[PDB]
Every structure is written in structure tokens, then in C-alpha cells.
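For this view, one protein chain was removed and the others were kept in their places.
All chains are identified by letter, namely A, B and C, in their written order; residue positions are counted from 1 within each chain.
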Amino acid sequence: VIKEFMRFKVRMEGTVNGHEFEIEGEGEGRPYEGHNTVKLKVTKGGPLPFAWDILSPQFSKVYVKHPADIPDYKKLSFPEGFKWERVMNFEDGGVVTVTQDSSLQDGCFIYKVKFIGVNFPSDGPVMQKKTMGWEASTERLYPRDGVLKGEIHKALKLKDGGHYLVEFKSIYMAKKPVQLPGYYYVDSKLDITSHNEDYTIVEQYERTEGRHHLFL
Amino acid sequence: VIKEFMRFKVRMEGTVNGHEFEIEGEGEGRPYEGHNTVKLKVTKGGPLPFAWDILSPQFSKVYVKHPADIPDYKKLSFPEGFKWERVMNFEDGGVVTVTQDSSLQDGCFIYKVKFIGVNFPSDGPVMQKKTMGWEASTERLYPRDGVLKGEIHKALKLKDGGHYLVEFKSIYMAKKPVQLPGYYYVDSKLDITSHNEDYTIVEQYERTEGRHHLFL
Amino acid sequence: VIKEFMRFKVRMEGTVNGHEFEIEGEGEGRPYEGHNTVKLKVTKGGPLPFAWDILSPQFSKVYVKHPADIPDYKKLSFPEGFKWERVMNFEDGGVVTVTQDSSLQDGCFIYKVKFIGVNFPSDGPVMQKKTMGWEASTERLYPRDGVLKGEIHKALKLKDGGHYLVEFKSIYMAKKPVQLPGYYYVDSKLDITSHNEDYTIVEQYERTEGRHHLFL
Partner (left out) sequence: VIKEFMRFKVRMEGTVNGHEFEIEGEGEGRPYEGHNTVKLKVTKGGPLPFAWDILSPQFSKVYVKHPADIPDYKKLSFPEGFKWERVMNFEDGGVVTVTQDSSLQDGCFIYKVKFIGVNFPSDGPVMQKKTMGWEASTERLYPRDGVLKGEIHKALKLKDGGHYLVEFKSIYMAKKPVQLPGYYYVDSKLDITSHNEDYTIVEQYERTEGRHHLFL
């Protein structure tokens, strides 16, 4: 079902401060190694009048490398798949909710994303495109309400120095109740590997792996 | 442009905890008197697996009665119109973002809404449909970032007694720059006037008027 | 117990961004008319390195005028009195928690307050003293867990224009379970009537009255 190498296609429909847009992409990676890349294209509403960085994390948790003793809830959910939703609370008031469906079709993962971002200050980092990528991050996960949940304290690097803080709250829901893991963590590092002048064509790379707390 | 009697058409595309649905409706009211009603039909995704109440407020401020000394930002925005976005933070973790466009076509207001609700507990008031309508409310508004903003501490009455709290944060954005008001308030009371057994056909009534603080 | 005219004494022990201070005051008013004034003096920690405005609201609801049909929980709590606590969430990260005890000693109300404020940006309106008093406000109250709770969307006027937003969450706890009101509101307007340059000596006036929603 989930091969050593897997490709995926994604489509996002979103709005940010009243500006609607569409994005289509194709990616690939090694689900058991914790690596995956993706190439995106703004197919509608481009060039985007905000930082591409807020969208990069919405474009693969099935590719998270999991140790044998931590049930890989997301991988187990296939072939049916899972859905995930998320809240992004930015420190200057901006708020985003995301809903996504992940399925398996013709040997390829299919991602469907709906994005709504609101309340971003007009002179803030997002609308002024002053961000420079995310710092590597660490997610705290745990089972609840029959599904998997996780929170992350993330940060975008600012062009003029400093950080722009964003709290991530995600909900991973398998389409069939498969084995859930316990309290654990997932380290991720997402890099923008290429981009044209106006970010209408972008490529990303993500390394992500789950683990127990260094149990210090 | 804004007659004493105006009708409107509305369509909402939304998702709540991974459940997709569509709703279309028709309303009418008296913009200078602060009254307006609307009849809705769940055109897709019905019956809804959640409380209808969280949707009722996404279904009119151009109909808010305003004193002569308080600029009616929304009315002034027409014929072009305005967009409004919103964040609803529920006390039990549920979060929703909404983005809407309000326009005027041949004497009839046109509303287009996109709604995304996430993180609602499966045993909570919303997913268990234990709500019984909203209490009348009072929104605190003010100008900022060249637009109009307002927050509200609202509450849903619970069938088993008590209230279910929700904080509202809205942004009203005219499509063309117009006169903004100062720090003021808007009282509203929304009632569900009719509904079939599964809430696939619902009618609503809302009275809403703006005013200065009772200037105590 | 509660006469048409009542005086009170207050003492606050507080800390803000690592700065310790103490304040003592004396006030008076007409509990049944909704008016009361208070005079403060910074006895330790002066001059304060932050805006006085964040402290003014911690210095009386027993003086809130209530309609005969709305139980005046706070007045009913005496002679024993009541305790109140509160959270103030500032839009720029600043957070404050307050705990207070109100008693009646020799026909005089006695207020004991503890205050801890943290996370205020050193460049923010608070630490830079860029505020000019609060806008009149409106609190939303309701009963819960045997006590009375209330929330407010308040705002401080900024010297250079605009507002600085702060959300209030209060908990009023009678020392003995006395009668509680239903869902209602309380309007208030606090004004600094006098003060020296460094706010080591200040006088305040507050008008506050309870009521049902104007019911729109």
C-alpha cells in the first residue's frame, strides 16, 4: 500500500485577508525515511500579496519516519487515509484554520486543502512579506477523542531580524479507527529550496521524524 | 443605492470537523431600521452533524440601524460593497474562521461565505447538538488598519442549563475607502424563528442597532 | 450594613515585569447610585516604570447600581464580603492576574489586592507609558459554578492615537453562596480625575451600573 517511494498531488483553495487563490502541486518522498519534497504553482490569484511561508506547512504527515515502537497512526489509516485540520494563531492577531483530506488513488497520495487566513495586520510581517522561512520545529502529540492531536510553537525568521511567533494546533483524523500512539514528539524542518521572483512557482523540502522525548 | 427595503441572497460553503456542507438562502429587511430575516436550506451535506447555532451568525451588518452621528461604514461601502472576516474562539477549543463577500446586483445584496470550523470535541455542545440559541449580544467596535473591527463575548444557551461561551472577532473591509466611525457599540438579538426536525430548512430573524456607549 | 454613603480603604501589593510596588488608597461613594471615587498613593516602588492605567481598574463592584429585578450578588455578600479574581490579556502579549478580598470593617469596606503582570514588551504602550485612560466599557456577566463571572473587551487610548486592546475575565466569589443574577451587563466609565506627573499620587472616579441587554 505505502511503498518505499511514494508520489503525491495537492490542490489548495484559500483566502487570506479577502484575497482568494488556488495552488496546485506535485510531490514525492520516502514515507519510511522521513523525507518528502513538493513543487507548487499558484494557478489562481497570483502573485500572492502575502508571505508564502504561511502556506508551506499546509502542503504530508504520512511521510513521518516512526520508530517501530510508536504506532504510525497515519500510515495505518491507508488505503482509506485520513483528514487533518489545524489552527494557526499568530502573535499579532492573525488566525488561520485549515481542513484537509488525504487519500490514496492509483498508487499516488491525493491532498485536498481548504485554507482561510484572517486578521493579519496590513503592515505586519505576513502582508509585508518580511519573513525568511521557518526554524526547525518540535511537535508535541497525544491521543484524544479517538484521534491524534499535536501542538507546535513555531517561528518564522524576519528579514529585519528576530522572530515572528506562530502556535500550531493540529488534529489528525483517520478515516477508520486504527491504532493511536501515546504521548510523543515529531521533529520537522521545512526548507524553501527554490522560488521565482514573485513566488508563483515554489519548491519545498521537509525532513520529519517522530520519537519519544529524549526521556532525560 | 440602499432602499428602505432590501432583499439578499446568500450561499455558504463550509466544513466542520471534516464534514463538508453547502447552504443557500434568501433574506430581506429594513437597513435603516435594524431588522432583517433569512430562510436557509442545507443544499449539500445535510443533515448537519453539528449545532445549527454556530452558523446562524454568518448568515448581515449592512442592515444595522445607525444614529446620524455615527458613520455607517457598511452602508457607505455600496454599490461596491464590503468583505468581512471573522474568528470564533469557543471555550472548549473549537475555532472557526470565516471570510465573506457582500456585493449588490440589481438592487439585491449578494452574500458569499466560506466557513472552516475545527477542533470541536466530539462530546461537546456543538457536535452533540445541545445548544438552544444565542443570548442577545453587544459588540465593541473601533477603527484600525484603515478598516472597521469589533469583538463580542457571546453565549449559546445549553439544553441542560448554563451557557457555552464563544468570543467573536470580526473585520469589516469596504471595497472602496469610506468614512469610518469611532469607538462604538452594536446590540444584536438573533432568533431561530422556524426549523424542520433535522435543521435542513431554517428561518432566522435579527434585530441589530449601533449606538454610543450609554456614556455613563 | 451597606449605607447610602460608604467609604473604603484599599491596599495593593503588585509586580510588573519584575518591578515590585505597593499602593494604598481611600475612597467613597453611593453604592445604590453607581458612583464611587478613590485616592491612591504609591507607598513603595514609586515612581512606577509602567502605565498607571493597567492598575486603575483593580482599585469596586459593590458600588454597581442594580435594578430591583437583578440580584445584586456583591451587595448581598456582605457583611462577610466577597473575593474577586481576574485575568487581563493584552493584545501585545502582556498578561496579568489579580486576586482580591473585600470585607467590611467598622462600617468601612476593606480591599486587599495582589497583582502580577508579566510579558509586557519593553517597547510596548505599558512600559513606555503611552496610554491615556480607558474608553467606557460594557461587561457581559453570567452565573457559573455557584459564582458570578464576567468578561469585557476594553481599550486604552494611546497618546499618539489609536487604541491598545485588553480583554477582561473576572470571577466574583461571595464568601457565602448568595443569590445570583442571570445573563446581564454592567456599563462602566473610569476616569483619572487627578494625578501628579509620575503617578505616585492619583485620584479616580467611576460610574458603573447594571442592566439587562437593551433587548434589540
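Brief remarks on what is shown
To be clear about the criterion, contacts are C-beta pairs under 8 Å (C-beta built on N, C-alpha and C of every residue); 3 or more make two chains touch, one makes a residue touch a chain.
In the complete complex, the hidden chain is touched by one of A:13, A:22, A:26 or A:187, namely A:187.
Which of C:132, C:171 or C:192 touches the hidden chain is settled by the complete complex: it is C:171.
Note that of A:56, A:99, A:131 or A:208, the residue touching the chain absent from this view is A:208.
Note that of A:41, A:112, A:140 or A:175, the residue touching the chain absent from this view is A:140. From the options C:10, C:98, C:126 or C:152, the residue with contact to the chain not on display is C:98. Not every partner is drawn; the one left out touches subunit A at residues 34, 135-138, 140, 142, 144, 151-153, 155, 162-163, 165, 167, 183, 185, 187-189, 207-209, 213-216. Although one chain is not displayed, its contacts with subunit C can still be listed: residues 15, 17-18, 83, 85-87, 95-99, 101, 114-119, 121-123, 145-146, 169, 171, 173.
Here is the rule we use: only the chains that are shown with their structure count from here on.
Computed centre separation for the pair subunit A/subunit C is 43 angstrom, with centres defined by C-alpha atoms. Averaged C-alpha coordinates give centres for subunit A and subunit B that are 30 Å from one another.
Counting partner chains per residue, subunit A has no residue touching two or more of them.
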